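A.B. asks: For reference, the chains in residue letters:
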Amino acid sequence: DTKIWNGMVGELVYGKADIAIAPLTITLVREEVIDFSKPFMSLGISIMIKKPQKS
Amino acid sequence: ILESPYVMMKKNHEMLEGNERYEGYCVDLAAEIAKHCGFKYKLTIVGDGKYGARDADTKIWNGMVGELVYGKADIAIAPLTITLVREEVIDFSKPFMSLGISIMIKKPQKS
Amino acid sequence: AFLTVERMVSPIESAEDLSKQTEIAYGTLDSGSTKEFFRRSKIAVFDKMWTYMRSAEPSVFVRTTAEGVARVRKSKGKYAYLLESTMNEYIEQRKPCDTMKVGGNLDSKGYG
Amino acid sequence: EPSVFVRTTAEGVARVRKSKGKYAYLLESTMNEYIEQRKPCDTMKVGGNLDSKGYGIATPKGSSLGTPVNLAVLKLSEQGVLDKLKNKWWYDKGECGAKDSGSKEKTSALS
Amino acid sequence: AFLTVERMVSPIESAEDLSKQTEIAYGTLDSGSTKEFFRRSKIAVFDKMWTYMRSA
Amino acid sequence: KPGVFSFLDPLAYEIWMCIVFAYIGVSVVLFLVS
Ligand SMILES: O=c1[nH]c2cc(C(F)(F)F)c(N3CCOCC3)cc2n(CP(=O)(O)O)c1=O
Ligand SMILES: O=c1[nH]c2cc(C(F)(F)F)c(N3CCOCC3)cc2n(CP(=O)(O)O)c1=O
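Residue numbers (PDB author numbering), protein chains in the order written: chain A, 456 to 510; chain B, 400 to 510; chain C, 622 to 733; chain D, 678 to 788; chain E, 622 to 677; chain F, 511 to 544.
Careful, some of the hints might be misleading.
Claimed, not checked - Computed list of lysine to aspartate or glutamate pairs in DMTMM-like fashion (alpha-carbon distance at most 20 Å, straight line): (1) B:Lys-505 to D:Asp-760; (2) D:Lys-763 to C:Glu-713; (3) C:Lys-663 to B:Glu-413; (4) D:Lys-770 to E:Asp-668; (5) E:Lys-656 to E:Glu-627.
Stated by the list, open to error - Derived list of chain A stretches under chain D, where covered just means 3 residues or more per stretch with a C-beta under 8 Å from a C-beta of chain D: (6) 471–483; (7) 494–502.
Derived from the structure by calculation, the hints contain no laboratory data.
Note that beta-carbon positions come from the ideal geometry of N, C-alpha and C, so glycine has one too.
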C-alpha cells in the first residue's frame with residue numbers, strides 16, 4: 456500500500472542508517488532498493504528433529 | 400570453458416554450428432540470461448582453455464579473465480571461483496551456486 | 622521380528638523422507654519467507670510438502686520459532702520442524718542439546 | 678609419502694576407484710556430486726562443505742550489462758530455475774539413480 | 622532370510638511403482654499418441670517416467 | 511517349484527561336503543579314545 460520500506464531497509468533507504476551489518480537475507484526486491492555486498496555466509500532451509508538417544 | 404556438465408559438445412557437434420554446438424548447465428543458464436536481459440548471444444570457448452589466471456610476471460590475466468581485461472569476451476559465464484584478487488580487476492555478480500570442498504570416497508562394500 | 626523391524630527403520634536425511642511418510646508431522650513458522658518458498662515452489666517434492674501442510678490438521682504452522690522448538694522437543698520425534706540452517710546449528714548447540722539438524726540445506730541463501 | 682597429491686582430478690578418480698576404501702580424495706562439492714551420478718557409481722560424497730564458495734557471473738569492469746545481469750541472476754535464483762536446471766544436468770542426467778540404485782539391492786546365498 | 626526377502630517383493634499395481642524403481646525397464650511405442658501423452662504430461666509421476674525414458 | 515534343490519539352497523553344497531568331511535574327522539577321534 457504505502458510502498459514504504461520499514462526496518463533496517465527503511466533505515467538505509469531513508470538515510471537513517473549509514474551501513475547495515477546483520478543476518479540480512481538477500482532478496483531481489485531488496486536488491487533494487489539498496490546495495491548488498493557479496494554474501495559472507497551461505498545458508499538455507501534446514502531440518503530440525505529430536506536427537507535419537509538410546510535407552 | 401569446457402566443463403561437464405556445464406558445457407558439453409553435441410553427439411553431432413561436428414554436424415552442427417553456432418549455439419547448436421553447445422549444451423550444458425551454463426548453456427541453459429546463459430539462455431535464461433538471454434531471455435531476461437534480452438539479447439542475441441553466441442557462445443565461444445576460451446582459447447587457452449583456462450579460467451584466466453593472472454601472470455605474476457607479465458602481470459597479465461590470461462584466459463577468460465584476460466578476455467574481460469582486453470574486451471575479447473563481452474561477458475563471462477563459467478564455473479569460476481570468485482576471489483578478492485579477481486574482483487579488483489573484473490566485476491563478479493552475486494554467486495549463483497554456493498559450494499565448497501568435499502570428501503569423495505568409494506561407497507563401502509564389506510564382506 | 623523385533624530386531625528385523627528395528628533394523629528396517631531409518632533416520633530421515635532428506636525432506637523427501639517426510640513426503641514418503643506421515644508418522645511424523647512437519648512444518649514451518651506460521652508466517653515468513655520460508656513458507657512462501659514452498660508456496661512458490663515448483664519442485665514436485667516441495668510442492669507435495671506444501672500441499673500437505675496446507676491440508677494437514679491441526680495445522681503444522683506455529684506462531685513463533687520458540688514455540689516450534691517446544692513442539693519438536695515435546696513431540697518426542699513425532700514432529701520435525703524446518704528453519705534457517707545457521708539458526709538450526711545455533712540452536713543445536715544450546716541446552717538441553719536434545720535436538721539436532723539433519724541433512725543438507727534445501728536451498729541457497731546468503732547474508733550480505 | 679608417497680604423496681597424496683595427484684596431477685589430475687582424473688588421477689584422483691583412478692586412485693579412489695582403486696583405493697578400495699584405503700584412500701579418500703577431496704574436491705569441489707558440485708564436481709563430487711556430479712561424479713556420484715557417473716558410472717560405475719562406486720563413488721560417494723560424505724560430510725558437509727569445509728568452506729563456503731560460490732561461482733558467479735563475471736563482467737568486464739564498468740560494463741553496462743552488470744546490474745541487469747545481477748538482477749537477472751537473483752530473479753532466476755528465486756524462481757528456483759537454477760535448482761531446477763541443477764536437478765536436470767546432474768540427477769536427471771544421472772547415469773545411476775541414487776534412490777534407484779538404492780531400491781535395487783536384495784540378494785542372498787551363503788558364504 | 623530367504624522367506625523374508627521373498628515376502629518383501631510385491632507385484633506392480635501402479636506406474637508409480639516403476640517410477641520408484643529402475644530394475645525393470647519400461648516403455649512405449651517409438652511413436653504415437655501414447656508417447657505424446659507423456660511428453661506433454663504435467664503430472665509429476667508421468668513426468669518422472671517420461672523423463673526417465675527420455676534418457677534411459 | 512524346485513525339487514530337492516530348494517532345501518539345499520540355503521547352504522551351499524560345498525559347505526555340505528565340508529560338514530560331512532569334518533564330521534567324519536570328528537568321528538574317528540572318539541575311537542582314538544577307545
Ligand atoms: O533478511 C532477513 N533475514 C532474516 C534473518 C533471520 C535470522 F535467522 F534470525 F537471522 C530471521 N529469523 C529466523 C529465525 O527466527 C528469528 C528470525 C528472519 C530474517 N528475515 C525475515 P523472513 O522473511 O521470515 O525470512 C529476513 O527478511
Ligand atoms: O575459478 C576457478 N573455477 C574452477 C572450476 C572448476 C570446475 F569445478 F571444474 F568447474 C575447477 N576444477 C575442479 C574439478 O577438476 C577440474 C577443474 C577448478 C577451478 N579453478 C581452479 P582453483 O584455483 O584450484 O580453484 C578456479 O580457479
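A.B. asks: Indicate, hint by hint, whether the structure satisfies it.
C.D. replies: Here is how each hint holds up against the structure:
1. At most 20 Å may separate the alpha-carbon atoms for a hinted pair to count; B:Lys-505 and D:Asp-760 exceed this at roughly 26 Å.
2. With a C-alpha separation of about 30 Å, the suggested pairing of D:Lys-763 with C:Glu-713 is violated against the 20 Å cut-off.
3. Distance restraint check for C:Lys-663 and B:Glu-413: the Cα-Cα separation of roughly 37 Å exceeds the 20 Å cut-off, and the hinted pair is therefore not satisfied.
4. For the given pair, D:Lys-770 sits about 14 Å from E:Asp-668 by alpha-carbon distance, which is consistent with the 20 Å threshold.
5. Taking the CA atoms of E:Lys-656 and E:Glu-627, the gap is about 35 Å. The hint is violated against a cut of 20 Å.
6. With 3 residues carrying a beta carbon less than 8 Å from a beta carbon of chain D, the stretch 471–483 of chain A meets the three-residue requirement, and the given coverage holds.
7. Only when three residues or more bring their CB closer than 8 Å to a CB of chain D does the claim for the stretch 494–502 of chain A stand; here the count is 3, and the claim holds.
Of the numbered hints given earlier, the model fails hints 1, 2, 3, 5; all others are met.
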